[PDB]
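Now for the letters of each chain:
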Amino acid sequence: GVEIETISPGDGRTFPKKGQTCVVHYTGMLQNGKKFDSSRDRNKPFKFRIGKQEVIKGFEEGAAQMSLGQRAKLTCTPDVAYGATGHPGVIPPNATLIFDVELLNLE
Amino acid sequence: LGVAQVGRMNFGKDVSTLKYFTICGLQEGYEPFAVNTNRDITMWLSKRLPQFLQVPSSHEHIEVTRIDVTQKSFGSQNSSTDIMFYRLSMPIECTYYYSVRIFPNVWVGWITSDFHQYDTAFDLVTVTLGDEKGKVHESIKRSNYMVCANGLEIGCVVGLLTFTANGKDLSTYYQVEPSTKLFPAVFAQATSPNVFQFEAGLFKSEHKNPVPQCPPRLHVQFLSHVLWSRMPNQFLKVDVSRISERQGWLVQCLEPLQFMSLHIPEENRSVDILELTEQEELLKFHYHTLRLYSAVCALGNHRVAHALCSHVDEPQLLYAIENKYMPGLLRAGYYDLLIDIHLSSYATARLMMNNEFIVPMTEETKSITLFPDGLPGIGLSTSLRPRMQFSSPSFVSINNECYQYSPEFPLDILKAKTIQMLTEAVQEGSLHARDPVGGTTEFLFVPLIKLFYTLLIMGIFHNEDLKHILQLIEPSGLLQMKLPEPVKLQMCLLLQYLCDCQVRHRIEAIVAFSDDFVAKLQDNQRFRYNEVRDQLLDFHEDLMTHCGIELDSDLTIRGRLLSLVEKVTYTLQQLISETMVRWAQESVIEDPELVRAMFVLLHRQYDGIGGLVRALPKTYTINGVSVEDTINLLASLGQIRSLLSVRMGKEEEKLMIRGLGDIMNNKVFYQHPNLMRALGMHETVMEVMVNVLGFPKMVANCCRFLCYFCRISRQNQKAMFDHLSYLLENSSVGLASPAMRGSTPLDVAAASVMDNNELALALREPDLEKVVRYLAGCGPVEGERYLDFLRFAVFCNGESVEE
Amino acid sequence: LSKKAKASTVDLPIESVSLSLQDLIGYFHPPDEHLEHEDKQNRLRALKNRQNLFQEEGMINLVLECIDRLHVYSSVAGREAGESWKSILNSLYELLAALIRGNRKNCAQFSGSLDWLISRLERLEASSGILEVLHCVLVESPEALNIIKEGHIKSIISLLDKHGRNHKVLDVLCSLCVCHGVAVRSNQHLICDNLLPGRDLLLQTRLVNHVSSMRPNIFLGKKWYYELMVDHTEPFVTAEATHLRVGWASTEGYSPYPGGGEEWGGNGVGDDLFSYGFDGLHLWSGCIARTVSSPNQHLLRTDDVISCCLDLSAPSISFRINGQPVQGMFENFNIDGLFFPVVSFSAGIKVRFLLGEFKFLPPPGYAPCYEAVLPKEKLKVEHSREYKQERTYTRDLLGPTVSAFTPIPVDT
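Protein chains in written order, with the working numbering: chain V, 1 to 107; chain W, 1 to 803; chain H, 1 to 412.
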């Protein structure tokens, strides 16, 4: 499915719950190394909610895997992501994502 | 320089360090270089590392031929035929053969671009892993890069690597490379001229887009590059802030300093942006790419604005504003791109709504004076001011990104940076600083003022910075300076918007006074009737007779308030006219749009009545209670005006019908035909209907709305009257006659007649002539529409209007 | 020439038609810029009248028939007639570019044969003329913008990847993008679906912090060793993630151009740099990072010490964290010249030199730089070959250069 290296450990045990605010900084470049998005770069700390089904499945399950303050490389399967159809303009068809995601706070 | 020697050069800026130039020089008449400027001058020194350059016609003598299997020959009839490397253009992704032929010592490999060895030999890599000790850990790397040595040799495709030689197989194939790129690489020790020929398809399968790819071909894009020694390259303008010690050695740099780069992807190599000032082909091309990006998100494609924000990433544009050495073409390009992504939607919305002036009668809109004993940027104006909303371009979510509004940006940070830019530019470019930011004063000034103008429109710069920039320009300087043509052609719109904001302030004040005055004279009407033949003739005769037998009621309170307004009608008005005449008396003018804008501003100065003449019959007041529907209809009507200029237009008609159905369902549209007639929105919808015809469901959706607009008031019916001849020439078959029957253009024309006797008497004879020309039937069915319209044309009132 | 070659060949003018053709190209020449305005309008009005005389005779259709019957060869007849072929084609497409550029009526008359011209666009020999004709048509006819569809545009996107990189293609595509006054939005949806997503057909911009690379001033050719220590990291000076690199190289190979060498300058990017430092502690090599893990899983954070050793009699490099094994890195690599630690970064980061002041020394190798101070210098540190040097008076300069332990007695 998806295999995610913890780059840096956070606190290890604090993995979130459906109903807890997923305050995150993240970014990510493509498999080639070209960038496509950086929530770091516009200085907006991103928020979402697992269970409320806001993000793609790979990012959702990776946020489920991690802990508080855990910078990690969330390389995800393309068919878990947009993948074949792609994001029409941003992500080309059948491209594998490479992330850099660290959780910030939980509510 | 030579071997180990030191340079020491002074390109101006160094009058304090002129060792001998005040002695002789300046006295005779010479000059330093950078006496005026603040900038340095970058220097393109020579490099060391060789990068494979294209093949000019101006070689010594080495000349490739382009021959269709797809062969490229050589010839080097010279003396020195020894050291010439030849790397090829386009790479391999990580099946298809590639054969090399020699006519009579020759290396063949597959070079990855990280290669700059200028040596004539076979010269030059085994990384290890661990299972905390290893035990496999080693199948990693050998490439640094790739070497083999009439022969026919093939490095075929897939993934792995293949070494063959004339049908035989040479040993030691390096069939391990997961994600690299390779070039078909053959060096040369040319023992003779006519030394190479190059090439069940070929590499045309691998590189280009299509992969059935059975016929192979060298395209024109395939070059045959020669690894020449060096090119001039830039100078790394600000580098080092080392703090360190020597007992402890606290070596430390604390630098926020970033590059600005790109890479041509087809011959992959990273190149910094601001070196490209001499690479003129690449300059022109990347300029046109920015111009295309500006063309793409033109006027509403907000989904694509999210797409370009994924590409070019707005803080990169923020850094592109500041760079005081980036060329003027890139400067104009990125200054256009920041506008055409993040600003122009709300900007053009307010540019469309700059002639509406409607304002509620609440408490804030009431305490406004006239000009007392130059500041148009006041705290005022809740005058319906169509509000701004934005998006946040993440790329993980859904819902919906196609109606989402526009991407964001650091607003106040941006305006503070533009203030810094304007002030510092005005301080610099005044003494003929012989190096502007982009090369001339045009690329210096023009898009800065364009960005400042479009930002000034958007309702930012609260009043402190307004005062700052005004009496920066006013002092009562910017406009007093000497300027080129398109700079002041830009600035005329600033002066436009200043006078227009003055008009807005003027009209909001007169609405406040009209509220106070109507309260007083309404109570006077109450007491004048309660004292007791002049009954109301539809309340227009009442106000007309009040102002008519009060053309000098007639109380002295009334006369005092009349004199109050006619002294309201009574220092920019000086200086605008003075400077327009001053410009036109000296600087014989080209670009006749500049002449147009100048004299429109000049007449608009001398006709301050006339703006108040043609502004007041388009304003209106709302109670304050039903303001939310007014905001919603102004938003809907602004986006339908933007929908007017799509133009085609095949699937945004869903949005059109949704907007029209909301305009139907809005409450204010029922009771306020003054407002709807004042917006000119019937003519908007009608011209949309014009553009649809010279046949989808859009037409009847428009005609339904026109007919429902014809049935709310009599003066509305007068408004919808006069389009008869064009609406008639449209109405031949246009709708209603498979079985649709709800509305049609002819149905609209009949909808503007039915009530009024006056409009029945107003209409004339060649219209009916055209109707009976259209009565030229042979069978059929649709003649019922013509006869029905004539039935509504003849009778109308219980007895036929006989003429 | 459909069936035969004799005489050879036939009454078949070459220089007559080409002379008349250059005459007709010079006939419809646009009015100049340095002409008076009334004379400009005279020439322009007579030019539009002379075009409208040709539209109502269908001469352009005759030109199209000549295009039909000339596109045969690839360069025949008596082969001086086949030697003027490029000139005749070039002049015919220039003439076709002449007869449209002013009138809206003529580019409205080109509603028909546009797709056939997009078919002929892949002749891959004469893209200039067909491209300019197509551009001048697409400007002034809002009729033909309603015509053109997906496969045409996909061919035009492929046209650059045939013929390299032409700005004129982008002028064409911008003309398709926006009409005289308006746009066509689905067309632009098609553009950004079919050209951008993949970033290969054209350029792409990106910025990164300036990378600083330093060295302790001493060439070193005997199992070598050194020790450094990270003090403060704070890895987000800007939203760019920063980096720390530790490794060995020589200047004989890899001219160290910061930013202008390999990607971003950096470290582990050439055939002398052999870098270290990650979290998931692997390395770079040729600016390629493969993925050595180790049982520490830590960054180069604020309290970290790195064991650093170079190996004698085996061209091998293996580094450790507080002495603990990081699954040893390099074995059997290249040898030339004299080496040095090239420890590099790009951030607001301070570090130290533990080269005499020590903390840590294991006996996997032993030759620290403090145990090679002897030849000329004392313990000094410089900034990686420094083709610049910065001041505020005058940035002075430097010449290029003049650049083991087995000495040479006199062989007697």
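Derived by calculation from the structure, the hints in this document are not laboratory data. Accuracy of the hints is not assured; some may be wrong.
[Said to hold, decoys possible] With a cut-off of at most 30 Å between alpha-carbon atoms, the simulated BS3-like pairs for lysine-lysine come out as follows:
| hint | chain 1 | residue 1 | chain 2 | residue 2 |
| --- | --- | --- | --- | --- |
| 1 | W | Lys237 | W | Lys417 |
| 2 | W | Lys204 | V | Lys35 |
| 3 | W | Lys135 | V | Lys34 |
| 4 | W | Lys204 | H | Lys86 |
| 5 | W | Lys13 | W | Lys482 |
| 6 | W | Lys168 | W | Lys135 |
| 7 | V | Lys35 | H | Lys154 |
| 8 | V | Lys73 | W | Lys135 |
| 9 | H | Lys350 | V | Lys44 |
| 10 | V | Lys52 | V | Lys73 |
| 11 | V | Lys57 | V | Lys44 |
[Stated by the list, open to error] Chain H side only, calculated, beta carbon under 10 Å to chain V, not exhaustive:
| hint | residue |
| --- | --- |
| 12 | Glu240 |
| 13 | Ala241 |
| 14 | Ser293 |
All residues carry an ideal CB built from backbone N, CA and C; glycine is no exception.
Report task. Take a quick look at whether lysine 35 (chain V) and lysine 154 (chain H) sit within 30 Å of each other, Cα to Cα. Result -> Cα-Cα ~25 Å, so holds.
**Report entry** Satisfaction of the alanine 241 (chain H) interface hint, Cβ to chain V closer than 10 Å
**Finding:** Holds. Min distance 7 Å.
Query - Restraint check for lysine 57 (chain V) with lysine 44 (chain V), where alpha carbons must lie at most 30 Å apart - result: 22 Å, holds
Query - Pair hint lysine 135 (chain W) and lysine 34 (chain V), alpha-carbon separation not exceeding 30 Å - result: 35 Å, violated
Query - Straight-line alpha-carbon gap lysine 204 (chain W) to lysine 35 (chain V), limit 30 Å - result: The given pair, whose Cα atoms are some 28 Å apart, holds under the 30 Å limit.
Query raised in the report: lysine 204 (chain W) and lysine 86 (chain H): Cα distance at most 30 Å?
Result: 26 Å, holds
Query raised in the report: Is the interface hint for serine 293 (chain H) satisfied, with its Cβ closer than 10 Å to some Cβ of chain V?
Result: This interface hint holds because 8 Å falls under the 10 Å limit.
Requested in this report: Would you check whether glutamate 240 (chain H) satisfies its interface hint, that is, whether its CB is within less than 10 Å of any CB in chain V?
Outcome: Because about 8 Å separates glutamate 240 (chain H) from the closest Cβ in chain V, which is inside the 10 Å limit, the hint holds.
Report task. Would you check the hint for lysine 237 (chain W) and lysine 417 (chain W), treating anything up to 30 Å between C-alpha atoms as holding? Result -> 22 Å, holds
Requested in this report: For the pair we were handed, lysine 52 (chain V) and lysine 73 (chain V), check the Cα-Cα distance against 30 Å.
Outcome: With a Cα-Cα distance of about 23 Å, the restraint between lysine 52 (chain V) and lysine 73 (chain V) holds, given a limit of 30 Å.
Query raised in the report: Holds or violated: are the alpha carbons of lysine 73 (chain V) and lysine 135 (chain W) at most 30 Å from each other?
Result: 27 Å, holds
Query - Holds or violated: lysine 350 (chain H) to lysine 44 (chain V), with C-alpha atoms at most 30 Å apart - result: 29 Å, holds
When each numbered hint is compared with the structure, violations occur for hints 3 and 6.
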